[PDB]
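Have a look below at one chain only, the form deposited in one PDB entry, in structure tokens format.
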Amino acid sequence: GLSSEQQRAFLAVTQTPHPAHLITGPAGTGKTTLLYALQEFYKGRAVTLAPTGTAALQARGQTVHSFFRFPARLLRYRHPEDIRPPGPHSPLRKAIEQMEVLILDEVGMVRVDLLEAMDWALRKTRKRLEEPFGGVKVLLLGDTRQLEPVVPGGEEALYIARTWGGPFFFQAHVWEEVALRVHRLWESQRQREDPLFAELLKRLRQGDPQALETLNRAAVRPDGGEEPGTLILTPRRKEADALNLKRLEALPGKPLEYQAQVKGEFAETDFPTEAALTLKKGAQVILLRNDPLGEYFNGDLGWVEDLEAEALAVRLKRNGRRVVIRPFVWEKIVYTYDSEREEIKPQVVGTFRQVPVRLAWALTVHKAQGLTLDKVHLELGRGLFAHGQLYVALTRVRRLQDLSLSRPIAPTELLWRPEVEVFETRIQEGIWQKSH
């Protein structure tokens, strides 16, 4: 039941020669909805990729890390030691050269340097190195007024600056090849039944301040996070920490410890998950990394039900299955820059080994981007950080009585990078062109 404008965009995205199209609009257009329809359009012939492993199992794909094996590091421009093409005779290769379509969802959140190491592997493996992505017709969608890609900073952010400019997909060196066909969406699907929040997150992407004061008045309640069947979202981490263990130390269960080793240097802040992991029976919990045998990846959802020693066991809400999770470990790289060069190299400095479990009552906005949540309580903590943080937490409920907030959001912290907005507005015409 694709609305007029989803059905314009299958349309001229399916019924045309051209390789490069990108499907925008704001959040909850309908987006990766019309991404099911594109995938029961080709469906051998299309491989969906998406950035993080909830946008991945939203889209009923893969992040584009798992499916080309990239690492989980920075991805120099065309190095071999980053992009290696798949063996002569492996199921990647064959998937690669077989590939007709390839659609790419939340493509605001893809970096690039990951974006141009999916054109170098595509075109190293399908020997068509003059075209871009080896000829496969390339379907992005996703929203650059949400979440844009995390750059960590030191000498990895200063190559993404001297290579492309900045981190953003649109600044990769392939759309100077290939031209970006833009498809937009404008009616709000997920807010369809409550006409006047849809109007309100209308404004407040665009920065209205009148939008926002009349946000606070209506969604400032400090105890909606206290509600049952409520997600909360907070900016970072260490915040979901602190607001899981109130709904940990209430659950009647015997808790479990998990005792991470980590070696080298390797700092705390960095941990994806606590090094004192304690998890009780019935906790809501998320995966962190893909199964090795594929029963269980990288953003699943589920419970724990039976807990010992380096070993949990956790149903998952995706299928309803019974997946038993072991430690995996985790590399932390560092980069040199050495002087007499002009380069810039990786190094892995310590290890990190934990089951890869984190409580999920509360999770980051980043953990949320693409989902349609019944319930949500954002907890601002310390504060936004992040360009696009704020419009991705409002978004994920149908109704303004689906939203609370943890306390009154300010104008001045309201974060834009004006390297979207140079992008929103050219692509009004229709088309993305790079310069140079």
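Positions refer to the first chain, counted from 1. What we label the rigid core is the largest C-alpha set whose atoms superpose within 1.5 Å from one form to the other. First, how it differs from the form deposited in another entry.
For the set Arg318, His79, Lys345, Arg353, a Cα shift of at least 2 angstroms between the two forms, after rigid core superposition, holds for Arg318 and for no other residue.
Remark: with the core as the superposition reference, the CA shift of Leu301 between the two forms reaches 2 Å or more. When the rigid core is held fixed, the Cα atom of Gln171 travels less than 2 angstroms between the two forms. Superposition on the rigid core between the two forms places the CA atom of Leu231 2 Å or more away from its counterpart.
One more: the block was the form deposited in one PDB entry; return the form deposited in another entry.
Below you will find a single chain and nothing else.
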């Protein structure tokens, strides 16, 4: 049931012994439905992983961290304390030893250390140290034009720069030992549903600011946020918070405040949600952690149904189901430099305990990455500031008419890091081999 373009990639991946493939293209191009066809072909032989919970859900797999039991921190290069093989008689060891294919969805969101940790974990567990991924055939799928992987400041950023030169999956050293065969998908849903939108976005992918004039002519209407069924996106947290606060205060009903418990050193700028979180029944929220039992994910939108002491009920938009939310603990990690060997090392210095809930009438563009919305309004505020931020904001909706802007987009807000441009020009040949 694949299109001709999808069948081309399906056959190029399944009917060759080559062990490393990348299937890439813009959103709506068929990557996920091709993944399902690959799963049906391989079924027992393949393990499906993704870097986020919502992507793992859409890929019918698990997160990379959960499968390999990686810690939620910087994965230092082949470091035995961050990358631990499974025990001698564990189910995970059997799963890795018998694995033939690893399917990795949304690979553009896989940070370089995550991918490298996969490589090392597979090599060590399978005892094939000289073969990339321990001889497992890796099928990467994803768009290469997204928000960059998260890289905190301080010694962590310096480590990643020193070790890999950057955060992207194509900067991993494993590509120096195996060639990545590339297969592009061009035909998108959007090309059929709104070709004008698809043409504008293609030019913006190419960094062409010319496209902004038509986009601004079509989409600028400052009152677009006042319309029903409209989620508001902002570049920064402060403006989204003010939006949410206004909606919360206008919502009739009795409020309940959830007070975080903070221990040790945890600056409030690093808080994953508000320390004093006030909620009302019916408030639009977004969940902030992945359920270990798979009933909800970080990024799930929903509505507050019940509010009680350290426990609330949320009705999920995704499936209409009810989930009960209790506090989670986040850790603050600091990396200290040893200054005599290379030797940075993590230490947990603080903890933050709070219900994993944030108000969601307004969201940041970063937080809305990976959601598909029916209608969005972009309240630009002081402006977009990150690689891919404009493109990700625009692509949250299916049609240009579903989008509105508070003001014209400026050419300074169309941002792409040159390393991503360089990698794209090299994967237009059909195969890519990282130098060194």
